[PDB]
Amino acid sequence: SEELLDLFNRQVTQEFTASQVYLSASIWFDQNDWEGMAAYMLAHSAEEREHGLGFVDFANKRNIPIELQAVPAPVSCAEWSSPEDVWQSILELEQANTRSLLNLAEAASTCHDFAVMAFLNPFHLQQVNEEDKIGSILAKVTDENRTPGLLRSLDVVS
Amino acid sequence: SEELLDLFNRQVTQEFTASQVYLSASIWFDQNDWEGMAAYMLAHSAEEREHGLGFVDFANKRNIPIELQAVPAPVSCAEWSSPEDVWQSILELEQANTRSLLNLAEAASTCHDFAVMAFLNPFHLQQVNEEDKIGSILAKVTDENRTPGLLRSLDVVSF
Amino acid sequence: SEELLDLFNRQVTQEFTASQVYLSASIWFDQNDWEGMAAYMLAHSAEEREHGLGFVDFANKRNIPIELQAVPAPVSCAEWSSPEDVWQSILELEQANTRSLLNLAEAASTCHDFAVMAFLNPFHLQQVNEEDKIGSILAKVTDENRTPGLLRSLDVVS
Amino acid sequence: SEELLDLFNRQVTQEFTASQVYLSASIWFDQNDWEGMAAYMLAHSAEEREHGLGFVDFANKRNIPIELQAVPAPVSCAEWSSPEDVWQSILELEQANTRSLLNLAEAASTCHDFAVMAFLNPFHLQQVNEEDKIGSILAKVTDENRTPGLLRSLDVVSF
Amino acid sequence: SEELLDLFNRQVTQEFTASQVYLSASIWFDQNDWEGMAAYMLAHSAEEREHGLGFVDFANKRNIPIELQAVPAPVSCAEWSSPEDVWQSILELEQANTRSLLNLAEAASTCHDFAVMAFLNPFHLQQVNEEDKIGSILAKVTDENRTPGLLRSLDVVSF
Ligand SMILES: [Fe+3]
Ligand SMILES: [Fe+3]
Ligand SMILES: [Fe+3]
Ligand SMILES: [Fe+3]
Ligand SMILES: [Fe+3]
Ligand SMILES: [Fe+3]
Ligand SMILES: [Fe+3]
Ligand SMILES: [Fe+3]
Ligand SMILES: [Fe+3]
Ligand SMILES: [Fe+3]
Ligand SMILES: [Fe+3]
Ligand SMILES: [Fe+3]
Ligand SMILES: [Fe+3]
Ligand SMILES: [Fe+3]
Ligand SMILES: [Fe+3]
Ligand SMILES: [Fe+3]
Ligand SMILES: [Fe+3]
Ligand SMILES: [Fe+3]
Numbered sequence: 001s002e003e004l005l006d007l008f009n010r011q012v013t014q015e016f017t018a019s020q021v022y023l024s025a026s027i028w029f030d031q032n033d034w035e036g037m038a039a040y041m042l043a044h045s046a047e048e049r050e051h052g053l054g055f056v057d058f059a060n061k062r063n064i065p066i067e068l069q070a071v072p073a074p075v076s077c078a079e080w081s082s083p084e085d086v087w088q089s090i091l092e093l094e095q096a097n098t099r100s101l102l103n104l105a106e107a108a109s110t111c112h113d114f115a116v117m118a119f120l121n122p123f124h125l126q127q128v129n130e131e132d133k134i135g136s137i138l139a140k141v142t143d144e145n146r147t148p149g150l151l152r153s154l155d156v157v158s
Numbered sequence: 001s002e003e004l005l006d007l008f009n010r011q012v013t014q015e016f017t018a019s020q021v022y023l024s025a026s027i028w029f030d031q032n033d034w035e036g037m038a039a040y041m042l043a044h045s046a047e048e049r050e051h052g053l054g055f056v057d058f059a060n061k062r063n064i065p066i067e068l069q070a071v072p073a074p075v076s077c078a079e080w081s082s083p084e085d086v087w088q089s090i091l092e093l094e095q096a097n098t099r100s101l102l103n104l105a106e107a108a109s110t111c112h113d114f115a116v117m118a119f120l121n122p123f124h125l126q127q128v129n130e131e132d133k134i135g136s137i138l139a140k141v142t143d144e145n146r147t148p149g150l151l152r153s154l155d156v157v158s159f
Numbered sequence: 001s002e003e004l005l006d007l008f009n010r011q012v013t014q015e016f017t018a019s020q021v022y023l024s025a026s027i028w029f030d031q032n033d034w035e036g037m038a039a040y041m042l043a044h045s046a047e048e049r050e051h052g053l054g055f056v057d058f059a060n061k062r063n064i065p066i067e068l069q070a071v072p073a074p075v076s077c078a079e080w081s082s083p084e085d086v087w088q089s090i091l092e093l094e095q096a097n098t099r100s101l102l103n104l105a106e107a108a109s110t111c112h113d114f115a116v117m118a119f120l121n122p123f124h125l126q127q128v129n130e131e132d133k134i135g136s137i138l139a140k141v142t143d144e145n146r147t148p149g150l151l152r153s154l155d156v157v158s
Numbered sequence: 001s002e003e004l005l006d007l008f009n010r011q012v013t014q015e016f017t018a019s020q021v022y023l024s025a026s027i028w029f030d031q032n033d034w035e036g037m038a039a040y041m042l043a044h045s046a047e048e049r050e051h052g053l054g055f056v057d058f059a060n061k062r063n064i065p066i067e068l069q070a071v072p073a074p075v076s077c078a079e080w081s082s083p084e085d086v087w088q089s090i091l092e093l094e095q096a097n098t099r100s101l102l103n104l105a106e107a108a109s110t111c112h113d114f115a116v117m118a119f120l121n122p123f124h125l126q127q128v129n130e131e132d133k134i135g136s137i138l139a140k141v142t143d144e145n146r147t148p149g150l151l152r153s154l155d156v157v158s159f
Numbered sequence: 001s002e003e004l005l006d007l008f009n010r011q012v013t014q015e016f017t018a019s020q021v022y023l024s025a026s027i028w029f030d031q032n033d034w035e036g037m038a039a040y041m042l043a044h045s046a047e048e049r050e051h052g053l054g055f056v057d058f059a060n061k062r063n064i065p066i067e068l069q070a071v072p073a074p075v076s077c078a079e080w081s082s083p084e085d086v087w088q089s090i091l092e093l094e095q096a097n098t099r100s101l102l103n104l105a106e107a108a109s110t111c112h113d114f115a116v117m118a119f120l121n122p123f124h125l126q127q128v129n130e131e132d133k134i135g136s137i138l139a140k141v142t143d144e145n146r147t148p149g150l151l152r153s154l155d156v157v158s159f
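Protein chains in written order, with PDB author numbering: chain E, 1 to 158; chain F, 1 to 159; chain A, 1 to 158; chain F', 1 to 159; chain F'', 1 to 159. A prime marks a further copy of an entry chain.
Simulated from the structure, these hints should not be mistaken for laboratory data.
Incorrect hints may appear among the rest.
What the hints assert, rightly or not - Pairs of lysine-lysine, DSSO-like flavour, derived with a Cα cap of 27 Å:
id, chain 1, residue 1, chain 2, residue 2
1, A, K61, F'', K61
2, F', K140, F, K133
3, F, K61, E, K133
4, E, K133, A, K61
Isolated chain E (complex conformation):
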């Protein structure tokens, strides 16, 4: 299906869009002196770009033509006013990256595209790990931010 091919392309776009969103979070954090959260965001910005590159390389091998799309300007930073806002946006982004992976897998399953399904398996599993991790950070952030200054004291951790 040209549609399975669309969805695979769209996954590339989604990983690069996520890369930029993470970068935007790193900027917000740095500008507000949360250098720890900033470094985490930057490293994860690079990792999303790596995912997208992984998809590109597979596509090239499997003759799925890739048409690189615009990477949209991230928009959530206009509204962010605390670390909790940023982490909630990042969770939402990953929950989205996951849904788009599952849509892609459904299409591949419908088309009997065994190679594409196999390729995706480690990404399905990585997404479970990432959502769990982000969810856990967000819950720590939310809880520590109930006492003034205390969240800051644990950016100084990680």
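For this one, chain E is given, so just place chains F, A, F' and F'' with the ligands on it according to the hints.
Relative to chain E, chains F, A, F' and F'' with the ligands alone:
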């Protein structure tokens, strides 16, 4: 699907049930002075526990509520009176572990739960290997036990 | 001596019962993003199972017939709503593990079973250490949790 | 001599035929839980393939056209019902590999093809060693199988 | 308690008696070409001597007078005519070593001799292990000896 959550929970209970059945087998072997077969069973009891803990960890990560169930008393050690009986029970146990993983996978499949299916793949292949290994032990035991004392003579050598 | 045998059997069951309660605690902690406390509980679950295995091994050597019982489902996790609740249950578990060791010892002492008494000596000493360690963590948990978020900030540490 | 070219080509087919017969034997052994004898056969299947590839390489170098023939289905695994049957077939197989090398050498000899004869010398001596080894295995199997379970007891120890 | 001193002295004699019984067993095994079982017995003869020397040393330290008694001739080697007979005697010997340690401990206990009881604890646990090991050997011997030559075949492999 509540059914999927359910089957996932039950797989934990299955792995822990298996862990206890292996422990039971180790005891029987030790009590009847088959230390080599007893060691094998004990190690495999640990491994089944690790499997169950694997499932627990993934569940936690994927927000599948785990409720720990009673781990039944192993009762196959009532009817055991030779090593063949024990290995036969262990074979049936793994055959059941396999079937329950396949049922789990089919529920995942119906639900399009690609992450659960991916998680299960190495277990599917492990079970193939375990059933084969167990099968092959049981064959060997059954053949060797046709001569008095000969099986004993290879608890020593192997294991 | 049937009483000593029975108590020896129940001790195995008590260890495995405890293992499951520790597993249940690690689950509650993980679900609630206390990964540190979760890890402590998981390690201790393994340890409890090791203690049970220890009793099994001695029993086999000493011809104490072991019949493996059911390991009852843990039921405290339904009532836990904070780390404090979890640690308080685990303390109570260890106090019970201790009482049942002392009963088993007393039975052995009545029977003049010097080998069983000697076998049990390191376990008595280990219970003292565990009760102390758990009581101490509970104290620290109870104190830290008087300030919102502060406990979180110290799961992340130790 | 077209006859020499021919016999040279056929030796490749012989080595590959042997490779498959060994593979067949491994399968039979594995299926009947003789993992040690199955490993031996598998390794020897690889080795026969290497022999055939040796012949191919020399042919290429010496401008003897190689045309690859069908590699027949191994069918001796129809009649196998004990390890003795399998080892007996393998012995006959090597006896045939030997005879075919000797026929090859005799054709070379008639043609004064000193390079082919030199090439063959290590294979002649290898076959002597293989027939002896196989022979000795088969004797051992046949003796051990006179007591129930005893052969099994030495798939474990040896191999 | 003179009774405690006494029982302590007798335990030395017991350990040395055991040492000689093991030596006797080694001789029987060697004479009948069971070199592996003979080695095991010889090593265990040394170990019993070490036990007796342990008791002597503690006694000296705790001012319990030691008077060395005659070490009886081992006479169980009159009735031995198979390895089973020998291992059976060794099992009974350890059962007696255990009982005598327990009697010693009970005397200590009555006398509130906490240092003697503490000294004995590792021996109590060692005896548990030795009786289990011996028991398990004897089972294996008895099973293997049901087929002619088979026991011999595992003096070689084990030990
Ligand atoms: Fe399209
Ligand atoms: Fe398109
Ligand atoms: Fe397009
Ligand atoms: Fe991604
Ligand atoms: Fe990501
Ligand atoms: Fe990632
Ligand atoms: Fe399992
Ligand atoms: Fe298993
Ligand atoms: Fe497994
Ligand atoms: Fe415990
Ligand atoms: Fe504990
Ligand atoms: Fe402990
Ligand atoms: Fe060949
Ligand atoms: Fe060959
Ligand atoms: Fe060869
Ligand atoms: Fe001794
Ligand atoms: Fe001893
Ligand atoms: Fe000793």
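Evaluated hints:
Simply put, A:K61 and F'':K61 have alpha-carbon atoms about 33 Å apart, too far for the 27 Å limit, and the pair is violated. Restraint check: the Cα-Cα separation between F':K140 and F:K133 comes to about 26 Å, which is no more than 27 Å; the hinted pair holds. Proximity of F:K61 to E:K133 is assessed by CA-CA distance (about 8 Å); at most 27 Å being required, the pair is judged to hold. Between E:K133 and A:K61 the CA atoms are separated by roughly 47 Å; this puts the pair beyond 27 Å, and the hint is violated.
Checked against the numbered hints above, the structure violates hints 1, 4; every other hint is satisfied.
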